[PDB]
Each structure stands twice: as structure tokens, then as C-alpha cells.
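Below you will find one chain, with nothing else, as C-alpha cells; this is the form solved without this ligand, and questions on how it binds or moves follow later.
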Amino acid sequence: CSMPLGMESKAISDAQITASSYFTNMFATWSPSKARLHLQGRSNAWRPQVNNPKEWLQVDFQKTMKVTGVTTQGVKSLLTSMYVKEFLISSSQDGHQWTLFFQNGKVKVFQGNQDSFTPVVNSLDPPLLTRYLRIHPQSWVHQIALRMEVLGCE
């Protein structure tokens, strides 16, 4: 039950992907919908307006889905590699009240990326069942940048 729910394919449409903020100006736009695994082009990743631990990227499956894992990836920009090392996951079913993802009682800190091109998979165990997924970067190298895929099924 570990299928790509449509970040890369865009079965998860642009408007289902949002965030607390994103980095943009005259030359570049690193919007939430850029957070699609293996995306190419310029500005091929989500980037928050600013770098801190209170930021998040949100996916709205619009349906209830069984999420079994997430895959994350960094990006290289102007010869510099940016990526998220550690992140938290929260979830909701109304998009206002958010449930942290715990494991062994404690709040789960996932180990994400160590470079900018290699994708890294993280299981959700136990399988999370939700409409709204959130990912919260907590540490990172140089800057917060994210391309991702949600793995699951109906």
C-alpha cells in the first residue's frame, strides 16, 4: 500500500498544496506547489518566506487517505544545496485542529535529507489516516527547501 499519492504526477493538484509562507520576488517563485518530488526547472522546490522552525507545507487530499510514508528531497540552487534534515508531521481532518505524530510516546522527529538530490523515504508507523497532511521542518542545511511525495492508498 505504498503508492505515490500524486505529488510528482500532479494527481495532487496545485491548489491542494499550501503553506505558511513561500519565497518569491521578481525573478523567482518557490511556491508550495513546487514541492513535488523530482521536479525540474527553475525554482523547483518549496521555500518558506524566511527560515525558522515554525514553518510548514500542507497537503489537502480532499478525501480521507491512508498515509504510509513520506518522501523528501532537497534542491541545489546557484551551486548551493539546500535541504531539510529533520521534520515533524502533523495531521488534521478539519484543517484547523492539528494532531502531532507521536511514536514511543514522544513526538516523532523524522530524519530527512543529507544532500539535495537523493530522495529519502520515511514510514508512517502506524499508518496515519487523514485528510490534511502537514510537514514541519525543524533543522536544515543552508536553507529550507522541499520536494516531496506522500505514499499511501485509499
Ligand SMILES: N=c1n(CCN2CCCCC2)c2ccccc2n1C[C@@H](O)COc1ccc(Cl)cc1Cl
Contents of the next structure:
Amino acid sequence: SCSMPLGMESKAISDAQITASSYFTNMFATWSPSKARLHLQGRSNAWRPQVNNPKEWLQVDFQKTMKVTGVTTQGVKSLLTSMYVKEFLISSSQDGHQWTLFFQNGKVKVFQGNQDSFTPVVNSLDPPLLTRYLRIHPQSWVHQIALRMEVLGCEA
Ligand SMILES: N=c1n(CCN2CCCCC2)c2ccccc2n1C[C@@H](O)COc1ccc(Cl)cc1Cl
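Can you now output the form solved in complex with this ligand? The one shown was the form solved without this ligand.
Let us now look at the entire complex, which starts with that chain.
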């Protein structure tokens, strides 16, 4: 009863609500944070950071506190090149300034993500996370960091 998609795919979460540490842009594509939407199609259809390393993150602002019970991630196939995140951390905030890493079994939870570019993987957050902001912190990846996502939950 609390696993509704919050709006990444449907665009109920608007472009302005999605930001990142950095993003990659060249003459070919602009891999903006707001392209990080599950199942999005087109030439620029994922978020990619400017550089590949664990200091990078993607942020969503729900603009009120929500109950988050899951996140869904996907990579992207760009031309003939597979790109996906294999492992990631989550952090959260109510005020946008002070952040908290999601813990499980006594340590920061390392979420196991994707195994290809195109198939979604759902990761449950237990206990549920009550938060206004959510950040995803890629830790490992195949070839390049690329993300399309969804957030699952309900009202706080
Ligand atoms: N997790 C990664 N990291 C950093 C995250 N890690 C924790 C710190 C040490 C390295 C793993 C990578 C850095 C550069 C390149 C790949 C990285 N990965 C994913 C790598 O762990 C494995 O991914 C690959 C598999 C096949 C090919 Cl052809 C290419 C790649 Cl990249």
C-alpha cells in the first residue's frame, strides 16, 4: 500500500526538481539531471556526471516530505555502448543542507543496482525513509555512470 511511483517517469516531478553534482555535455548529447527518468527515450536520455567517480550524485527534491519505500534504477544504452551503475549509496535531507546516509545492518547500505543498461532494478528501503530530498551516490559502474530512476512511496 506504499509503493507508488512518485513521478520521475510520469514527469509529475518536474525538471527543476532534479539536480546533480555535475553533468556531461558534448556536441552529441546533454546528459542533464532531469533526463534521469525511468524508461526515457531519445538521444539525451539519462543523467551522466561530468566525470566518473564516487564523488558524484543525483538529487531529487519532492518539495515536501514524503515516505520513500523504494528506488528503481536503470542505466542507458547509448548507441552501441552500455552504461550502468552497479552499486550506490543513498542520502537524504529535510532541509537540503544536512544529509544522512541510509544505514542497514550497522553500516552505510551499499545498494546493489543494475546488471544491464535497460532493465530496471527495484531496491527497497526498510525502514521507510521520511524525507524531502533524496541523493543517489554511484559507487561502482560498468564503463560510465548513467542513471534513469524512479522513486516509490507514499505520503509522510
Ligand atoms: N565500480 C567501479 N569503479 C569505482 C568504484 N569502485 C569502488 C572503489 C574502487 C573501484 C570500484 C570504477 C572506476 C573506473 C572504472 C570502472 C569502475 N567500476 C566498475 C568496475 O568495478 C567494473 O566495471 C567494468 C566491467 C567491464 C568493463 Cl569493460 C568496464 C568496467 Cl568499468
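Shifts are known only where both forms have a C-alpha. Numbering follows the first chain given and starts at 1. We call the rigid core whatever largest set of C-alpha positions still superposes within 1.5 Å between the two forms.
Its Cα shifted by 2.5 Å between the two forms, residue 25 is reported here after superposition on the rigid core.
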